[PDB]
Each structure stands twice: as structure tokens, then as C-alpha cells.
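A.B. asks: Each chain, written out:
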Amino acid sequence: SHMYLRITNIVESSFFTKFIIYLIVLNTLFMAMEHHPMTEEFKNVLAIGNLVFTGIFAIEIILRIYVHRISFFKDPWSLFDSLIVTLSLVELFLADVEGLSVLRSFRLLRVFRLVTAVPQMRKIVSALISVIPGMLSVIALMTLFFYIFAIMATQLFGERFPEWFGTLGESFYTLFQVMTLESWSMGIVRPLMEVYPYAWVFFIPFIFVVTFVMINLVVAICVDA
Amino acid sequence: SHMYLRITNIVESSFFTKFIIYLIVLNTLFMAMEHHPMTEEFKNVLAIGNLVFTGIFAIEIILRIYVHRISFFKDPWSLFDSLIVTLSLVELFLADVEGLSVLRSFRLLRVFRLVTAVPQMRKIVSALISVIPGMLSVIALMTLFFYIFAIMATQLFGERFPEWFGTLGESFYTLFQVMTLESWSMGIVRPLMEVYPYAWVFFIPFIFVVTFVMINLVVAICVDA
Amino acid sequence: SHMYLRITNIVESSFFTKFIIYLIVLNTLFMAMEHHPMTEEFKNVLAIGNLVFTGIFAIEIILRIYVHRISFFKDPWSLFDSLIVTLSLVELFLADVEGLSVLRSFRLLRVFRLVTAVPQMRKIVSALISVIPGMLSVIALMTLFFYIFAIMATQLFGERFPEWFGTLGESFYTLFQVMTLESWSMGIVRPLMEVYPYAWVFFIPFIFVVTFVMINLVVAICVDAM
Amino acid sequence: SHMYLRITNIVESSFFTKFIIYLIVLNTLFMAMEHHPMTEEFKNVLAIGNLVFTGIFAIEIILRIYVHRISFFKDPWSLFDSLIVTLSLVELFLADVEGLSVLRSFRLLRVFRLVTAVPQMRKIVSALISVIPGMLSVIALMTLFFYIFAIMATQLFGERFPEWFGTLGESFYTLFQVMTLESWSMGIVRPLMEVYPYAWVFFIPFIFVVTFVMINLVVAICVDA
Amino acid sequence: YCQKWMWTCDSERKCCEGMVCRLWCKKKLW
Amino acid sequence: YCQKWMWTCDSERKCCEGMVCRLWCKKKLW
Amino acid sequence: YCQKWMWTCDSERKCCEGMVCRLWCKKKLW
Amino acid sequence: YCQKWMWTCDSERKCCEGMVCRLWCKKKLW
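Residue numbers (this note's numbering), protein chains in the order written: chain A, 631 to 855; chain B, 631 to 855; chain C, 182 to 407; chain D, 631 to 855; chain E, 1341 to 1370; chain F, 1341 to 1370; chain G, 1341 to 1370; chain H, 1341 to 1370.
The hints are simulated quantities; they were obtained by calculation from the structure and are not laboratory data.
Hints may be right or wrong, so weigh each one.
[Said to hold, decoys possible] Derived DSSO-like pairs: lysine-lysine, alpha-carbon spacing no greater than 30 Å straight-line:
| hint | chain 1 | residue 1 | chain 2 | residue 2 |
| --- | --- | --- | --- | --- |
| 1 | F | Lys1368 | C | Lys199 |
| 2 | E | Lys1344 | B | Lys648 |
| 3 | H | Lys1366 | D | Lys673 |
| 4 | H | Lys1368 | D | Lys753 |
| 5 | B | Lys673 | E | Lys1367 |
| 6 | C | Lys224 | F | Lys1367 |
| 7 | G | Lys1368 | A | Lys673 |
| 8 | D | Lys753 | H | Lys1367 |
| 9 | C | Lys224 | F | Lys1368 |
| 10 | F | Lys1344 | C | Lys224 |
Next up, chain A with everything else stripped away, as it sits in the complex:
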């Protein structure tokens, strides 16, 4: 337990955590200073840097698991970090599927450590995620409303305008868009009205509802304070 004890002192020491944090931030600046219009030996070097950082993070997380004998898996943030470092390490020696370079996305994902390996970010994000369930009821209600209105619209406005309402998916997308009040009249409703004149009666109540529901959401937040 002497070597184990030394290793644990190293892991829990603020020095080790700060070292990892600065290493992560440095890696973050490293990947960040990436301009895709390159295809320049720079791009290849980025992979090398990522390689080293991932190896070091594997070292760190192995030490963390050894120290937190299963205890860290119970902790969500530790499990999340183990998972992220795992995905980064996997993409490191595994290869992309030809059709779609999804794994380069797993390599870039690694950047989320800035929240998990950071305790202040960890605690604040934990506060906000503790807040959300109090509104999970409203989230589910609003999602159900989206589902219902989406099916109705797509079944109505499918003949022509398939891009916006051809199926349930584009219908969900376009309804979320409308909720945001982003080009909802000029690019969507008015072209629709050109063919289906009374489509307005559809969206205006919808707007009401969602905006109303969203204000209720803020009210719920003003309830927790």
C-alpha cells in the first residue's frame, strides 16, 4: 500500500488535477488553432499532438480508476470522463469508415473535458442539471405538443413543401424553427398560404402555445429562486 498510497497522494493532490487541466487547455488551444483550408503538414502534426495528449489522458484515467477502486464509476462525472478519454483513445488507433468520417468527430469530441476535469465547471453544471428535472414535466409536455402538431402538419402540408413538412422529421425541425421566430412568415408561412390559404390558423395558435409554455418555463425557474 506504500506505492498505492504515493499514487493516491499524487492523484488527489491539487497539483495533478491542475496539471491535467492545463494540459487539456493546451491541447484545446492546439486543436482549436485548426483551419481546415490547409491540408498542410500542419494537419498531420495536429494528429501527433492529439496522440500524445490522449496517451497522457489514458495514463491519468488509469491512475484515477486504480485510485478510485470502482468508486469513480459511481460518480457520473468520473464515468463520463472515463468514457470521453475512452472514445478519444479508441479513435486514436481505430480508423474512419470511408463513407462518413464520424470518428474524426470522436477525436474532436475530447474537448468536453474542460467541464468535467474542472471542478468549478463540474459543480455549476451539476447545479443546472439538478435544476432541469423540476421542468422535465414541461419539457415532456412541449415535446408531446411538437409530436402532435408535427404529424398533423406533415400530413397536411406534405403535398408540395416536402422539404419543410414532407415527413415527421422535417416537420419537427420546421416547427422548432417557427418556435424560434426565425423567418417564420417570409420563408415558411406565407409561401404555404400561397397554396393553402387558411394555414395561418394552424401556426398562430401554435406560436401562442409554445411561447406561452416557454414563459411558463421561465416562471418555473423564477419559482425555484
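Put chains B, C, D, E, F, G and H on the given structure of chain A with help from the hints.
C.D. replies: The following block gives chains B, C, D, E, F, G and H in isolation, referenced to the frame of chain A:
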């Protein structure tokens, strides 16, 4: 009676309500998996499924009415549900005439059971519908403001820009659009200004009023709870 | 007096006020059903209708003056109403010059009675006007911020982009627009950046400040509530 | 210190501060009445007026310096004002070389006196700036989210869309835009989806998160007071 | 003969006067 | 002759000098 | 010959069957 | 000759080396 009591026990049994809910969700997913560019015999099978679900819902609602009569009609949500199933049944026996397929719209409307047949959704929506009247006064004021400003605009900008303000109706629509701050300058106000230079004095106060009043509305909500 | 007292009883009777309200709403529906793609004899009749209502409203306002004098003017809502009927009467006696049809605009303006002659509308709007002063300080601060930022922009983006910032006026308008978050990047900022690259540093803080201040304004309303 | 005492009485006399305020407002109207599509002899006159007002402000600031000594520097607003008068003085005899006309930008900058030389604006702005530290935590959190998501996006949607995501800068700008819900679907996301279909999964959570977090920020104000 | 209201219909079994076939016979008006 | 102030006017019965027809004769803001 | 798994690779030193070059030889999804 | 720093300048009376005319002669990068 004995038979009456057996039927009533089944109707009020949580099992029966959950059965109808899952049936409703199934019918909803059924209609949802509807892609308007189909014309692949899919329409007939979808209509068949609709037929069966509607017949079963007619069965259900007949039983539900049978147990409690005036109590069933007395409850708004219950009568609403009866009306929805009724419209679906009507669409089955009648046709869309020819000019406009409104009855096929009624066939799709049926989906609101996901909220009406669900007690949790019923109670939550009842809370919000209980909320709205307390500010219905402000709703009416804002609607009156819309009416007055709309008459004003349409009589002003009707000649040169009939597509947006030709009559009181397009004016109501466009003013509601402006309220949302969706392409109110680039798509509306500035083209207007090109001909009527001082149109700005119109909309900027309007914005203020409505926008500020809407803030008051949300603040009014924070007052109510 | 006897005749004075009878006239006053009629004026204050709820029946008379409701009569004016319904008359106003009728006039409002009458003018409302106006579609400019008209050029018909319909327009003439509409004008005829206008005449009658204003005459009646002139009658009404005259009676109000008869019952109470200085009290009638002291009440803002009452004086406002008198002014509205007055402007309608002015358009009634004469017409605007060909170049600009402002007087028909005053004739249409007349429609505010729907709020002034209505007491509930009066009370609600009076609540709102009682609310505004508590935030007029922030209103003035934000107006001063608009003034300052507008001067600065107009002097920057005036050469290449006079259509949006040629003068202080277009600059005020465009800055209010940006405040509303309406096509602020696609139609404005990015075209500007094409020539002046670092213009972003300008608007993004601005957005913050003004938007943030508006939150404070809304918060002030919440302050008045809780 | 008799002459010193007279100078101090003048500096602190309400008359002197109001005089500076009115002089500043006069200068403000003076530069304000500037329309760049001019190219008239007017421009030279505008520069002359600037010269005079700045000289007077230098006089004033020298008097303030004599009056307060280091006390003047301790007060931020005092330093801010000294800095503004200083920059104006510098622009008066220095040149913008040629490539970029930054110095005329410094000459236009002088306008913040309207708040610094004004005590009411000073106090109100001081209250508003006092609010910020209570939210610096949330400010930093949202900025970190911007940084990470910007890296992620730029590496994802960077190749084909350099105009929007070529580097970290354009991506930061574009993400800030999305936060405002300004042409986020029609001008950005929807064009992206044409090539990268599943980009929606990217922005919709982001929208949620940042917008949701922004609610918390305003909520912090509703909690701060 | 012909298929009455709500009777199944197809290319050989048509709907009676006043109806339209949509797998089953619907009525055009009350 | 001509239609004086506030008299009915139309295509054949025009307003006297200094006035404009708007169903009745109005003044041209002097 | 060819460059084995995890050994360096380039335009002239290609990866053995079943691998893809990304500075080093990686394995292609199964 | 030429117009020194802070002397008035115009089309015929130019600024001495290292300066630019803006009604008066200003210094460009010292």
C-alpha cells in the same frame, strides 16, 4: 345492476384507461409514419388502420358515455374527447366533396387524445387553462390594440402594398408578424419606407407598446404565482 | 338649472356612454371594412358615413363641455378625446394639399376613441402610464446610449454604406433594428465586415449592453411586481 | 493656496460641471450633425470644432488634475475621462499613416463624456456594472461553452463552409449569431444540412443550452434583487 | 348491383349513385 | 356658376376657386 | 513489403491488407 | 519651402518631409 357494475368496473379500471392510451399512441405512431409522397397503396392501408382504431374508439366512448351520462357530458375534457371521436366517425361516413379535403383534415385531427385521454396531461393543461383567464383581460387589450393599429395601417398602406396591408386581415397578420420581430425591417418596414418615408414613426412606437405590454404580461404571470 | 341638470343626467347615464361606445365600435367596423383596391362609389359612401359619426361625436363632445368645463380639460383622457374629435372635424371642414394626404390620415386617426371613450381601457392604459415613469430613467439612459452609438457608427460606416448609416437617422433606425435581433448578421453586419473587417467588435458589445439593459428594464417591471 | 482654493471652488462648483456637460453636448450635436456623403468644405469645419472642444477639455482636465492630484486617478471615472481627453489630444497632431484610418476613429470616440461627465449616468451605470460580478460565473461558463462548441464546429463544418466556419473566429461569430436566433435555419443550418445531414443534432441542443443558460443569467438578476 | 354506403368497393363492384370509392363507399353529402 | 364651400360637387359641378372637391367643397389649406 | 498495424506509413510505404494509412496504419471498421 | 509641424497647409503649401496635411501639418509615425 350486476352487468352494469361489471362494465363500470372495467371502464374505471386503470387497466382500461392505460389500454386506450397505448392504443391511441399506437394509432398516432401509425398515422405519423405517413409520408405524403407515398401514393404506394400506403394511403389505403393507413385509412384502414384509422378505420379500425376509430371503430374501437367508438366502442370505448359508447361504454364511457354509458357509465356516467350527465356526469360525462358535464366534464369538459370528457365531452371534448367524445367530440373528437365523433368527428373521426363522421369523416368515415362522409367525403371531402372535392374542392378542399377538410374531412381528411378531421380524420387527422383525432390525435388530440394523447392529451385528453391522458389524466396527467389533462391536469397540467387544466392548470395552464386556469392560468390564462387571469390575464385574459390583457389578452383582450392587446387584441384591441391590434384591431385599432390594424385598421389604421391597412387604410394607410393599402394602395401601394396590398399584398401585406391590402385589407384589415393581411394587416392583422403582418402586425402579428412584426410583434415577433421576424424580418420586420428588411422584408416589411424598409420596402414601405421606400415609398412612405415616415412609416417608421408608426411601427417603432407600436413595437414598444406591444413588446412592453407583453413584458407586463409575463410580469403579470410572475404576479399570479 | 333645470335644462342644465337634465342634460347632465343624460351625459352621465351609463346608457349614453354605452351608446357612444357602441357608436364608436360601429364607426370602427364601418371604417375597418375599407379596402384600398376600391376606387368605387363605395369610397364616397364611406366618406359620407365618416361625416355623420364625426358630427355626432362633435355633438357628444360639445355636451361634455357643457356639463363640466375645467374639470373636463383637467382630465387627460377627456382632453385627448376632445382633441381627437377636433382633428376629425378639421379634416371635415377642409382637405390636405395634393402632394401629401395627411388629413385623410387624421380622419383615420380618429379611431382612438375605442380606448378613450371606454373606461376599462382607460384604467388599464392608465396603469401602464403609471408604470412607465419608474423606468423613464432607464428609458432615457438607453436613448442616450442609442444617441452615442449612432453618432459613432454614422461617422464610421457613412462612406461605404450610406443607405443604412448615411446619417444619424438611418443609424438610429438600424441600431434599433439590431437591438431587435432582426436580420442583424445576414443583412447588416456581414455585408459591413466585407469592407470593414473588425466592425464585429462594435456591435457584439452593443448587443450585450442594450439587450442587457432591456433585461434590467424588464427586471424593473418585475421589481414593480414582486 | 488662495489661488488654489479659487481654482478648486470653480472646479467643484455645480456651474463648472454643468458647463462641461453642456459644452460636451454641444460638441456631441456638432459631430453628430455629420453626414459622410458630403465631401464639402464642411468636413474641415467639423475638424476645427473638434480642435476647440478638445482644447477646452484638456484645459478642464488639467484643472481637475491640479485640484485632485492622485485623488483624480483613484476614481475610475476620472481616469476614464482623462484617457478620453488624452486620446482626443493625441489624434489632433498624429496621423493615420494610410492603410487604416484608425485615428479618425479615436477622434470620434470622445463621445463617452456624455456619461462620464454626467453624474446621474455615472451612478446608474455604476449600479448596472455592480450587477455584473454576481453573474461573472455564468458569463465565464457561457464563454467556455462558446469556445468548446466553436472548436468542435470549426473542425466539423469547417471544410465546406469556410465563409462561416473556416477558422475559430468565423465559428465564434456564427455561434453567437445562432444564440440570437437570427436566420439560424434559413441562412445557416438548412444550407449546412444539405451536405452534413445530421448537423441539426448539433445546433438544437446548443440552442437549448445557451438559450436555456441565458434564461438562468436573467434569472440571476431576478435573484440578485 | 352496386355497393351501398360503407360496403367494400373496387374496379368491378362500384358505389351506388351519389358516392365515391375510397376502399369503401363514402357519401358526398347529407 | 360654381359650387361654393361645403356644397355637393362632382365631375360636372366643380368647386369655386381656391377649393377642392371631396364630395363636398373643401379649402386647400389656404 | 507492407507496413504493419501501428507502423508508420506514407505514399511509398503502404499499409498491409485490411488497413488504412493515417500517418500510421489503422484498422478499417470490421 | 515647406510647411512645418502645425503650420497651415493647402494645395500649394505642402508639409515638410514626414508629415501629412490635414488643414495643418500632422506627424505620421513620428
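A.B. asks: Run every hint past the structure and note whether it holds.
C.D. replies: Status of the hints after comparison with the structure:
no.	hint	in the structure
1	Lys1368/F x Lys199/C	violated, 37 Å
2	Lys1344/E x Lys648/B	violated, 37 Å
3	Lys1366/H x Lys673/D	holds, 17 Å
4	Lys1368/H x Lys753/D	violated, 40 Å
5	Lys673/B x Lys1367/E	holds, 19 Å
6	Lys224/C x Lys1367/F	holds, 20 Å
7	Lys1368/G x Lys673/A	holds, 21 Å
8	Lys753/D x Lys1367/H	violated, 39 Å
9	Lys224/C x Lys1368/F	holds, 21 Å
10	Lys1344/F x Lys224/C	holds, 22 Å
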